[PDB]
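The data below hold one chain only, encoded as structure tokens and taken in the form deposited in one PDB entry.
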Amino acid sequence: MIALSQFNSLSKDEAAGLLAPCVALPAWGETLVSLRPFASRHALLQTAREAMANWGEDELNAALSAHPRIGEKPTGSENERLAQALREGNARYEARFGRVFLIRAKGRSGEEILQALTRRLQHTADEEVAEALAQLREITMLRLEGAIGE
């Protein structure tokens, strides 16, 4: 984590690089960088929310393009039932929608994630683009909050 004053004084390229892990959408970071200086962390976060408010399906696709799918990271009881149901739900999700299951995980239990996954599998394509975007916005904000201090 770097101070807000450090973020304000970075070069445009170092500042975009600091923001890059928050989401794989260079335009979002470029926009925030171009609006420096920020006078408080709260104001930076509010601007960040505005900048992602009109992301659509094209941004969802670009943001997720390098995300590993099922079977792409081979590793070589109630816990077993949960792990199985989560792995099966993820497999169903990828087969239906042709994209990884994106969910803000911090703060949710495995059982809560399973319930959200099961519910989202009942969505229409448009309903799920919207929810996946909302989760992408939440994740981006949590990452930004860990990247730049007061």
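Rigid core: the largest C-alpha set superposing within 1.5 Å between the two forms. Residue numbers count along the first chain shown, from 1. Compared with the form deposited in another entry:
Once you line up the core between these two forms, the CA of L82 is the only one from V100, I103, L82, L121 that shifts by 2 Å or more. In the core-superposed comparison between these two forms, the C-alpha atom of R69 has shifted by at least 2 angstroms.
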The other form holds:
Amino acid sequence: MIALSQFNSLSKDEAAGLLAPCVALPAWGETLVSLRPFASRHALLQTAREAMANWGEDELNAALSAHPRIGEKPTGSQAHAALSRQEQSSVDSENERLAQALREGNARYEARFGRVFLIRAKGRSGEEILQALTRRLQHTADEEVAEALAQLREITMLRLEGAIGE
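Hand over the structure of the form deposited in another entry; the form deposited in one PDB entry is what we had up.
For this one, just the chain is written down, with no partner chains and no other molecules.
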């Protein structure tokens, strides 16, 4: 976590590099970098929310390139992999029934919608995620695109909030 005044003074490449792990959508980060300096962390976060307001199915698809499946915890030490592992920390990997249910739930979701199941995993157990998956399997395509995008927005914001402090 770096301070706001520090973020405001970074070179364009260093600032974009800092924001890159939040979401695999270069336009989002580029917008934030281009609008520096920010008056406050409050203003930065608000601007960040505004910049994700017009995201659609195309953004969902592009962002999903950097998100592993729930239950498929990455091992890498780099920000992306470390963040995902940390976000899935409430998922019990030792529970064999859960692991199998997650694999089956994922396959079922992917067959239905054509994309990986996306959920803000931070603070959610494997059971909570499974129940969300069961609920979201009943959605129309548009309803599901909307929720998946809402979850993407949450993931991105939490990562941003963890990257830049007051």
